[PDB]
Every structure is written in C-alpha cells, then in structure tokens.
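Only one protein chain is missing; all other protein chains are in place.
Chain IDs A, B, C, D and E follow the sequence of writing; residue 1 opens each chain.
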Amino acid sequence: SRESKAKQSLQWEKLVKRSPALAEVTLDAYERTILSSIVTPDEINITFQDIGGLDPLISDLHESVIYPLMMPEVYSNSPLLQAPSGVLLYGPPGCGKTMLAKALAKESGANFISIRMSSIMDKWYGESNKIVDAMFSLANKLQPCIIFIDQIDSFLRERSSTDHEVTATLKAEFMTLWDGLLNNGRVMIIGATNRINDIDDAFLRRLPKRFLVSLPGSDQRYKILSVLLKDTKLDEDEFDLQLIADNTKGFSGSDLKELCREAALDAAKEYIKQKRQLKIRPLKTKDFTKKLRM
Amino acid sequence: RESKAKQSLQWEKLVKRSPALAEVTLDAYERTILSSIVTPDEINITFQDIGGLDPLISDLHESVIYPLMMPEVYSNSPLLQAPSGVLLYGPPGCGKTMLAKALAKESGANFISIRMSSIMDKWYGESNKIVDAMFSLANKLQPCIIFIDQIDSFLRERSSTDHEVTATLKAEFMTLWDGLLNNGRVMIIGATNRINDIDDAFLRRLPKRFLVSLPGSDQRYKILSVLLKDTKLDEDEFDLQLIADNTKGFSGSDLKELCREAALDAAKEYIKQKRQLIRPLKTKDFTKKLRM
Amino acid sequence: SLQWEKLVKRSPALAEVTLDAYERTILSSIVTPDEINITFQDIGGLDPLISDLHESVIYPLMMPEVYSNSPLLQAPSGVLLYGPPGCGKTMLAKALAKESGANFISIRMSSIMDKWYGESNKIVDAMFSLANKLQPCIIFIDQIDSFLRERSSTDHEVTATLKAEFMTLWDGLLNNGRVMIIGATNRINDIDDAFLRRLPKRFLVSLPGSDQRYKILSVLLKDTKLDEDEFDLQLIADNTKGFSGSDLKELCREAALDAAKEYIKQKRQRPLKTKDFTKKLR
Amino acid sequence: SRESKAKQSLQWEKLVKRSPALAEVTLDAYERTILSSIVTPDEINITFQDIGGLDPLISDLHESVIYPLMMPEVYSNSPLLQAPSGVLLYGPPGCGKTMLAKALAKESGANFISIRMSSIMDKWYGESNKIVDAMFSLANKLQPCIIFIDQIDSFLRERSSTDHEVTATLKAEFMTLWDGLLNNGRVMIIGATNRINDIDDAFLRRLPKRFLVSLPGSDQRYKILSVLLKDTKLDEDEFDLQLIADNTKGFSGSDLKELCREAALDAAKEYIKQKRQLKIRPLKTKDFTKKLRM
Amino acid sequence: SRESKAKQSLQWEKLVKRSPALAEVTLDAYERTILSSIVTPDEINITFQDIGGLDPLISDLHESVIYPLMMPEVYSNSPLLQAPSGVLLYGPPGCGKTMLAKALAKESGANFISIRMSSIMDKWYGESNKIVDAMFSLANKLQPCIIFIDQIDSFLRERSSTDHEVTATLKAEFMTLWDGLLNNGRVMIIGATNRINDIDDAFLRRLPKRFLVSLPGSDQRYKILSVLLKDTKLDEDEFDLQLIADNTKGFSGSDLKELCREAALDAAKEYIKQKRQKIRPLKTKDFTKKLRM
Partner (left out) sequence: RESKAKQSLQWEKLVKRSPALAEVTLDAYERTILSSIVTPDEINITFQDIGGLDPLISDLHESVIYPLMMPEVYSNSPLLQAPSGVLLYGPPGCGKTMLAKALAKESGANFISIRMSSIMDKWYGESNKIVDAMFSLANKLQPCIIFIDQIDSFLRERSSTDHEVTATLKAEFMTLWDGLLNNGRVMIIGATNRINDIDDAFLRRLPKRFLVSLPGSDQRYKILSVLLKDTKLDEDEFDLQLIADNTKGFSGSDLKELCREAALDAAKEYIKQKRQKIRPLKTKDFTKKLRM
C-alpha cells in the first residue's frame, strides 16, 4: 500500500514539525502502521464553537479531560489531579459524540490517534496483538496522546468463551496495555459508543470518565439549531426559531441537521430554478413548519 | 480469474469516462471493491422507465442527485450539499430497485452496488479492510454512490449475541459513514423492504428516506402505461383506466405479471403461427385474469 | 468434472467459460435430463397446467428469438409450484429438467449453507453467476418455503444475509440474463412477501378431482397388465375421496402386490381388476 | 527492532548487576526476545503500602507465595513447604490484582517476567512454541522467577477442537512446560484474570494457589479510600470518611479511584481558576457527597 | 545453539556410556536435534513408589507396556506377545499421567524421548517433516525406545482441510512412521492426553494401548495422600487421614498436593516465624479447617 507509506511519512513529518521533541524517536514497522492512522487538527472542520447545546458538558470535558492531560505541570500540586485512564462518550444516536471527538482532535494538542478495526485486526496469527502493542507504545512515545476507537462497543463487547481466539487475546492485550503493570505515561483512551450496555464490565471499569451525551432538551435544541444555521441568511420577523426548537419532540442533533438542510433547499428553490435557467430566501418559519409536523 | 478481468474492465471504463482519476492507484482490497462497480451502460432502466413516482423522482433529483452531482451550483450555502445517506424503503415491488438502476443511469456518480458476498470474508479482519477500502475508493471516486441492496440485513438491530466479525463490521461501516474522517461527497444509498429491522444509529445516519409505497390509482395508471410501451394496444375495445383501479393494492411487479400473462394470452396466435413455421392488447385478457 | 464435461458436450458454446471454486461447487449440483425418468407423458391429471407451464415458462425461456417481437413476452423471473402434498410438483420439476433444455440446477440447503463465515453468500453469488454463464438456466430450490421463510429480527445473521443475497441476485440491479428461479413448495404462506413478490409465476398444483384422478390412475397403471371386463377404473378413481397422487401410487402398489400374490408364492417355491382396489380403499 | 535490542541489553545488564551469579549464562535468540519483556522493581511505583483493604490477602500472598519461593533454605526442612507451581489472581474488576502483580515485582526479588500475547504469538509457523520454550528455559536460568501472563483467561481459554492449530499447540507447549517431566526449578507462574470460568480445567489444575480478590467490603473500602488519599491534604472536622467508605455500595477500588480524582478536581477548582489567571481546598465531605448518590 | 550442542553432546555421551552397543552409530543433523530432547532416568525424581493410588494400573502398565518392550527374548515364545505400537495415557486432569511418564523414563530402561512442539514444528518448508523422520529413525537406532509427546491431543487433533499445509503433512508423516510399511523396530509411542476426544480416529487407532487414569476413588485418594505425606512428620492420635481422604469429594491428585502443601505451611507457621526472625505434627486441624468437607 504505497498510499499507506505516503500517509505514514506525511503524518510523521507533520508530527515532528508541530512538536520538535519527537525527532530522536524511531519506530518499529507496526508502530508505523499505527502512525498511518493519526489525525491532526488541520484536517478537521469542527470546533467547540461548532458544537451547540452541550456547554456544561464541554466545560466538564475541558476541566476533567483536556487540562488534566494537556497541562500536567499546572496540576502537579496533587498526585490525584492527573488525566483519566480513559474517557467514554455514550448516549443516544446523533447527539454530538463524533464532533466531541473531532473538536478533541482540534483544540486539545494531544497527538490524536483515531483508529478503526480495519487497522487493528489482521489476517495473520498474532499480528493484531502486535498492532495493539505498537499502538500503545506509540502513544507512550507521543507522550500527550489520545487514542480513539470510534464505535467502541463492538471492540469492547461482552467477553464470552465462544469468542474467536484472536479476538479474545486482542481484547486481553488491549485491557493489559490499558491498566497493566507498565502503566501508560499520560495516555488517554477516549472512546465513543452508542450502546454502553454492550461494553464489558472490565473494559468499562478502566474507562472511568464517562459522559452522557443525551438527547437534546429545549435549551440544547435551541443552541443546536442556532449553531447549525450560521453562515446562512435568516429572516427578521417572519422567523421564530424558539417554537421550532421545542417543536422537535425528541429529535437528535443530526435529525435537526437534516431538517435544516431540507428547509434550506426548500427556501433556495428559486436559486435551484435560477441556476437551472442560467438571492437565497431568508430562512423563515414556513419551511421548517411545513416539514416537521408539530 | 474473471475478477481480475472485471477489475481491469471496470477500471479502464472509469478512467475513460472521467479522465481525472488516472493518477490514482489502489490497494488490493480497493481493487476487489472496484470489481463491484456498476456503470450506466449495463443498466436498461431510466426515469422514463419508472412510472407512477414522478413527485418522488423530482424529490430524488432535487435532494439527492443535484446536491451531489453539481456542488458548485450549491456552493452558495454550506447546508445545501448532498446527504450522508439515502434510504429507499417501502412495500415490495414498488420501484426501489429501478430507482437504484436509474440512479446509476442518470446520475453521473461512480455507482458502487455491492452485496454481502463481496464484503463478508472467511478470514479474520479481512471484511473490515474490505469496508475501509470501499469507502476509501468512494473518497477517491469523489462523486460516488455506494449501494447496499437489501440493506436491512446488513444494518440489522445490533445485539450482544451477534457474531464478532459482523459486529465489528457494522461498527466499521458506521464509523466510515459518520466518523471523524468525514467522507468527501460520498453518499450511501440503500434500498430496503423492512425499515424497522434497521438499527437506530444506522437509520440515524441514513437521513434522506423515501417511502416508495404501494401505487395508488394515478400511480397504477402511470405504471400500467409505462409497462405497456413497445407493445401494440387496441383503440376502442381497450380501457386501461378501469384496469388500473381494478388492481386494488397490487404492487408494480404484480402489474408486470398481469401484463406479461395477458401479453402471452393475446399473442398465443403469434406463437401458433411460429409453431407452424401480435394481437391488440385489449380488455379481455386483463379482465379474464384479474378478478376485479 | 462429470457434470462439466456433459454440459460442454450437450452445449458446445460453453467451452471458453472459466469458473471459480464456489461456481464449481455449484456445478456439482446440476441435474441433466438423462438421470431423470419422468416426462410429461409420465404426469397425469395436469394437462391444462402442463400447457400453461409450457406457454408461460419453457418457451418464453427456451426460445427467445421466437418471442423477440415484444419486450414483454419473456420468461418469468421465477416460477412457484405450490399446493397440497403429493400432487405432482416434484415430477413437474423432474420433467422440467427432462423436456426443457435449460441447464437445470437443483440445489439443496446442504450445498448452500456452510459453517464458515461468509462462504454461503459466496455460494449463492457463484450459483447465480453460474446461471448467468449457463444462459438458459433453471435454478431449483426444492422445498423452497424453508429457504424463503418469513424474515424476522430473530433470524440467524448468516441466514438473514443469505436471504438478502438471494433476493438481490433475483431482482437486483444487474439483471439475471434469462435466468429463471423455479421453486416447489407445500406451504405458500410461510414464504416471505418479498420472496413471493419476485417469484410471481405461481401454479396451484391442487388436489386431483375425479377426472384428474382418472388420468393419474391411468398414467400410473401403464406397463402393468389390466383386466378387460372385471375391472372398472372410473368408479375407483372417483371413490378415492381427496386422495393425492402419491396416495394413489401407494394404493396401486399395494393392489399390484395383492394381485401378484401368486407370483410371490411361485417365486418363493393377475389382471389387475376391481377386487384389490375395492377391498383396500373403503 | 533496534529498540528491542536496546531493551534486551538494558534489561540484561540490569539483571546481571542486581544478581551477579548470572553472568556466565548465555541465551538463544528467542530467550533474548523473552528477556525483552522482563520487569524490574525500579520501574514500578506500587508497593504493599500502596495496596489497601487486602491485608489478610497480602499476608497469605507472602506466606504461601513469596517466602516459599524467595527463601527456600528457610523452608528446606520439609519437602512440601516449597513454592507453588502457579498462582492465580481472580476476582471482579478493579479490586487490586494488577497492583498485586506490581508489588510482587516490587517486594519479591524474583526476576519478574510480565509478558503479553504480542510477544508470544508470532506469524511464522512454530515460532510461538519456541518462544514459550525459551520463556520457561529463561525462567529456569533466572532461578527465582515469576512469569506473569496478565489477563490470563484469554491465553488459557477452554480448549476446543475448533481452536487454531498454532493456538492449540501453544497451549499444549505452555501446559507441558508448567507441569511436564522436566519440572521447572523454582519457577512460579503467577496469573491475573477477571473471569476464572473461562480458564480450562487442566490450566486451572496446574494453577492451584488461587486468590479471590473480591469486591471490597466496608473495612476494605475504608482502607482503600485512606490509601488513595495520601499525599493529598484533607480536612479536620468537616470531613468524615467512614460514611463515604460505606456509602459506596459495591464500588470497586478503581471506581473509588475515579471518584476520588473527580472530587480532588472539584475541590481544587479554585486552583484551576488561579493558574488559569496566573491552596488546595481541604478535601471534605461536600465533593464526595454531591457526587456519589448515597 | 552452543547450549543445544552441549545438550546434544551430553545426552549422546550419556547414552553411549549407559548402553555401549550404540557407539558405532552416527546421526544426521536432524537426528542430533532430536537427540537434544532425550530424557534420561537420572534427571527425574519420580518412581513407582512415588505414584500412589494406581497400583492395578501400574501392574497393567508393566505387564503390557514395559516388559513386552524391555525384555523381548522373554516374550519371544509367541509372535503376539510383543510391545504395542503406541500407548495413550488419558483421563481427567491431575490424576498422575505426567508422573506415569516420569516413572516410565525412570524404571523402564528404554531410551526415553520426550519431545514437544517447539522441537518439531519449524519455520522453514519441509524441515518439520524431516525432524519427524529423524525422530523415528533415531528411535529405530536406539532400539529399545519410548517416544513421548506430552499433551498429545494438540498434535493429533481432528484432521480437517481447514488445517495448515505443514501441519497436515506433518501429521501424515507422523502417522506413516507410526504404522507404515517400514515398521518401527521395537519402538513405542507413549502419549499423555487430557481430552481423548480431540484425537483423530486414525491416530487413536494406532494408539491401541490406552489407560484411563481416572479421578481417584476413596482407596486411591487414601494411597495418594499417604504417598504425598512421606518425608513429613505426622501425628499419632490427633490425626485421622481416612476421613480426610474420603472427604475430598472429586479432588484430583494435584488438588490433594496443593491442599497438603497449604496445610504443611499452616502447621509449620511457627517454624516459618522462628526461622524468619521443628514442625508441628501434621494433624487433622489444618486439613479440616481448609477443605470444607
């Protein structure tokens, strides 16, 4: 995979130019394959000002996740003020957890590692355990680090005697590198999941800072609608967004995203017609109302 | 070795239709995904071949194809772009497969119709790599539509009793759908019969959903007419309107059958002549068959 | 190898075709006409159904250039044979493999469902790809209700994805080039609605009525020597109230034994007339 | 890799400087790869005074694990006073078992070997069996030794005819080196596991010193809370730790660790604010109480 | 390896000094690597007087395994009185099978070969088949021989097509050397296993002498407890071992070993203390307080 070597070299050079301290460090081959899956902030478009309706959760995320990890000499006064061993983002679908991860890669200066199953599980015997060990060793090398397993429930499923051999030893490798004897040096394991119940009890044990990114309430739906509708031109009087926010009974954040898109199209209908035959309509209450059936 | 021939054929055709993709190379799994790419020239269904769904065709255009196919038209606002995924759900035989066929026909997106045989593999972790290669290929073929036909089985209600490779495969799929590394203009169009069997997260990231429902009187009329083209009808003895409304609750393919069987009924004499070596399709054949 | 060489010697145009391993495992379950003993003169009491089967199943499939005049004169995507037990459906399939020159594929669950992950979906894809290669083809899933059962969220995952693979190859985007899916079933109700929807040419092979039972009785009793006067088959036919075709087969066997009783005794050391049937069927 | 060679050389020189009697011994290549995964006491921060709520278990661990292994000439009186063939640490998650292993590497002078699946299972045919044989041969060379397979249930899973061949032969190699004909000379196999049931009966049979590191009771939760809160400044009167210990109904040790961290942050909130704009508040009952919902 | 070469040279010289008739025989390299894994009696501490609760099985083991192999001119009267082609020791865990092998290496004078998977399966192509062929050729050279594959179920697992190509040809090589055309000259293949069911039917078929080393009964638990407690000082009256024996409901031999070790430490608790800063007679208190009937 020549694209994988290009990605490894690109991600490496970028990692050594933002943090010059990592130059003297070399890697094994599996560590380089893990380096192929490192997300830097410049390729992510979501910030905290792009996340709405979660401000207390953003502040808690800061005060107990980023600052205890990113600035240790600030917290060096007490030995029990340091970063968690792992963070779990769990909740109903479409409430922000993926953008929480995106803005964690954006604001927090930790070398962010977002890896998936395709880069962990391998065909050959014992390669995937070595991939996990290389992942954690790389995280120890990149001392401020966040290892992200998106959709982490599948990876941390209820262990059973009917599991596949490699899967079981892979889970044991992962847990050991998480809370084993050679403890990770300032390495955080941030995970996003939709079903917390499918996670094994030991895995959840060592994933101890867990945030309920729940369905948005009236305030949260208001802040989300407003956050989504930026860079679009609204209406002065014929538009009341408050009722619309509350009218969406139990709608998640992405359900709002889709309804906002569909209404943006329904308001720009004349723009579609004009550029089909060759001034967006102020986004007022008509489109949202005719769509969502209050 | 027909897989290699299909890969090479589909690739050369992809680079001759769109010349900008010559500099791009692929990994092996990406090539196995390339083996399952449908081009428009091998599909014989168009929008003029789909009847009784004209408002749905127009909605499909205005919110699926143009927001995907022509972005610089839609660059004025950041919330005018393509959906992350489209679902075609409804009762059986209402058009969804031909909706996909004509999406591969009219829409110029590099259409990927893949099935379970090309995703699931015997070996450990190969199927997750197949999914990652699928989406990476879709990102390479920047205007793309990835189509999982009969998508309910793939997106079934997730459970702790699932198979491990199935569960991690579902997680890989969802992560490539709405993860951090967001897809660049990649749409995931899916057809399903039972929307309820789809998991809530999978449905959540599949937000453009169309009810391709059972055809009504207008829709049955337009379908009957669309099907009966290229066949020779009758002037007076035929009244198609009553027949359209007589087929209460019949799906589109059920109509396709009462039309084939009646075509055979009428042209029995034509076959008889060839046995030795057509008839105007009027109300008699349809009426004697469908029992009002 | 045997089925392959026989397929290329009957139809020479398929020599240039290459196969995949799973396609060859599907090739292992192909039925040629020479190993089947049932013809349309071996099926009795179903003559209108045989004629309908011809005119809407075999000829629309076997002779397309005859029907090339209209685009809606083609073959059924699939053909269901449903009805009460023992009415002829298996012999309908046998004589479809006999008379119709389509490369007949009769497969069962043992050759589809496999232990390993994702092998069975590949087996289905290879089955249909082989059917596309053997362009006039009939794929036959005997006892097809179990395979096309009411889909549920409590199904096994490999079963569910296998059903989805099957349906997708039946009426998905890439069209099956002249490939027919003929299925026999006893309970049509257990078939899923989508499966039934794409299997629309459905024939009710029902319980034989007096006239049909007469024809069945006559068809079964060939190659056996009957009686001139003391035998009246008509009453016997109608007297079998609601008996299926195989029920008639068994009663005819038992009466053949009861008439050949002296033949048993002689080889240990009769004209089939009304006595044996009458004393048996009450 | 080259870092693996550096780790082998470092671990070797440290092993020969702590115990001078092993200078004359040389190793095969696989034995050196096993030497790459040896944990010395100086890289582990946990001692027995760092383990709370397990004092009878610590004393039993001493009297039947360390002293029968570490001091044999003391027990040479009777032939049935020697070290066990293996020790299992099993129990519910987060009750101390990895710190039990850490302090076994700390206090007990046995040349501790903590190995994982990434260093055992290899891609090539028959390498992993040779890795196991080299592991035990090295343990025999380093005569007072403890071999530690963290999360040992995955490695000792219920055997089946549907196992992978390399996995099955690897299990047979391991068992044979554990209780075969060439018996190990003073070599102990200490293992930690969460689910004892997944362990095969033969593997458990030859792992006969098993400790139930169970969920902490009221006394144990008291001792754990006290052990965790050292090096942090508490309150004199407004703090009553006893109720807090017995308020945590069924909480494991790490669940207490996380709640203590979160309360330390919630008490040092003014320190966060001060170093954001530039003492620690005595850790009293308010933080723990407002958090844990008694 | 230099340690491996020292092991080969040491095992070789010891083999030629115990049995002088093998001096004229030379070996190929693979045969020498097999010679590196030969167990002589002097490095094993277990005898038949160290095995308890299995006397009828010890006597059967003698009469149908050792003597038919070790003394052939005694059995030369009939052609059907010779050694088995293979012996299998199967049973529940911890019932004695490993010590059965140890005392087979101890009493029986056969040149005992205990080999494991690390010495058979190799990385390179076709080396492991040559290792098997060299193993059996060496066994034929060392004419009274016992080849031991400890934990033999993994090696003789149910053959399938899902198996590795080397593994399969290795199994075929092994079986062919076991009961092929060039029959082994007085070579016995003794194997120990815990799960007999995982063994392939052909592999089991050529392992016709199979012993059920089952869980110990009341008599067997009595004899085991007594065998284990030798060289330790017991009590006269306050100790009744019979009840202890029967009380251990379904305990294997090693479960008894561990119990006995724990109770020895619980009785020597005073000696432990004193020596750290002679032994209490091992009476019923320690066993009773531990095993919960």
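Assorted remarks:
Quick note on the criterion: a residue touches a chain if its C-beta (ideal position, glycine included) is under 8 Å from a C-beta of that chain, and two chains touch if they have at least 3 such contacts.
When the missing chain is restored to the complex, the residue among E:10, E:15, E:22 or E:172 that touches it is E:172.
Of C:1, C:18, C:110 or C:189, it is C:1 that touches the chain left out of the display.
Between the chain not shown and the residues E:1, E:19 or E:64, the one that touches is E:64. Those residues of subunit E that touch the chain absent from the view are 26, 28, 63-64, 67-68, 74-75, 77-82, 84, 124-127, 129-130, 132-133, 159, 161, 165-166, 168-173, 175-177, 179-182, 201-202, 204-206, 208-209.
The working rule: only the chains that are shown with their structure count from here on.
In this assembly, the C-alpha centroid of subunit A lies 32 Å from the C-alpha centroid of subunit D.
With centres defined as mean CA coordinates, subunit C is found 56 Å away from subunit A. Across the assembly, subunit A contributes 166 as residues in contact with two or more other chains.
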